[PDB]
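Here we start with a single chain on its own, the form deposited in one PDB entry, put down as structure tokens.
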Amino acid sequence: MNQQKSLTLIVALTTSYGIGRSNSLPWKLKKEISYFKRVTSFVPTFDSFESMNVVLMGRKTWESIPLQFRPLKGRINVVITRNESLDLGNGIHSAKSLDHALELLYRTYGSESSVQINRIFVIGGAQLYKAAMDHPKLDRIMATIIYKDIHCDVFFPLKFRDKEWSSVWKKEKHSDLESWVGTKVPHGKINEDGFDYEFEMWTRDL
């Protein structure tokens, strides 16, 4: 037991695959963030009684999150890092790799545990995203496409939306996105801060 569940990656990126700047999001989209929270937090009502989703993130992304919103509530947080000095926390798990993170979660939350894991999300860090893209359990990408070539210093590691990856990565219908997300999601381009963006869901066969 260490690779039964599939991994889902969630990211906001420009048409040029840009995802970040000075260790932060180069855009202020309150609605986008609302989507991110909704998607990574959603659990089927029936399972909602004792099931929570997991959010795996890199150390940089973790530090980039305002203490006020740290850690991400209603979700089990796990920070992937190799440097362990005096990183404080409130029970926040710590793993040195994506697989080390999965073994930690499956061990901490077994069929005997009170809290059961529902979905596992990889929410951040180009580095962690790079490792997820290579993981055989990653089969889904919740992408928020930003139609603007905003200046970025960090980019998504793989052009999953490009022609070269079109036989591996396919974009699902909006009805399937909502069906998987469990809720109604805005369809079409959304305008916030003079920028057009929309939600998409991409999948690959494991």
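Numbering follows the first chain given and starts at 1. The term rigid core refers to the maximal set of C-alpha atoms that superpose within 1.5 Å between the two forms. Residues that one form lacks are left out of the comparison. What changes on going to the form deposited in another entry:
With the core held fixed between these two forms, residue 175 has its Cα displaced by under 2 Å. After superposition on the rigid core, displacement of the C-alpha of residue 166 between these two forms stays below 2 Å.
With a cut-off of 2 Å and the rigid core superposed, residue 49 has a Cα displacement that reaches or exceeds the cut-off between these two forms. Core-superposed comparison between these two forms places the runs of three or more consecutive residues whose CA atoms all shift by 2 angstroms or more at 45 to 49, 84 to 88, listed in sequence order.
Since the one above is the form deposited in one PDB entry, can you give the form deposited in another entry too?
Left out here are the partners and the other molecules; the chain alone remains.
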């Protein structure tokens, strides 16, 4: 009653797998903002009327979101923390692992519920990404690759774009990214903030 759904990871990272610096993201990318909001919020119209996507995030990532942007609107938010006592407010769900979050979600958004789970996204940070990359239901990575070795203090845990992982993770065609996201997506290099970046979708077989 717990693993009938794939997990998707969404991440922005450098070519050296850097993902963060000083509890924030060391870049200011307008399209990337638009894209993260769209991908995590989009529900295909063939999915049920009640459907909403889930964002799962680590406690440090939650604490990095400014209060005025919390919870992330139009998505079911879950914070993974081993601190049972931590008050999230607004009915935001708290869970002590990735699988505890999945069990809580299925228990809460059940047969009857006016809200039903659609896609489930892991949105960071580094420690939660490590658990997700180990999870047997993770099959899809929406990667924004940043073409500059911007100095970071936190790194992505598995080098999924590198030769060593290339028999498991495969980059899909841009039109398949656009099919899955349901909307035209900029194709190829985008240049803001002094360097190029681009959107990619990588998948693996479970």
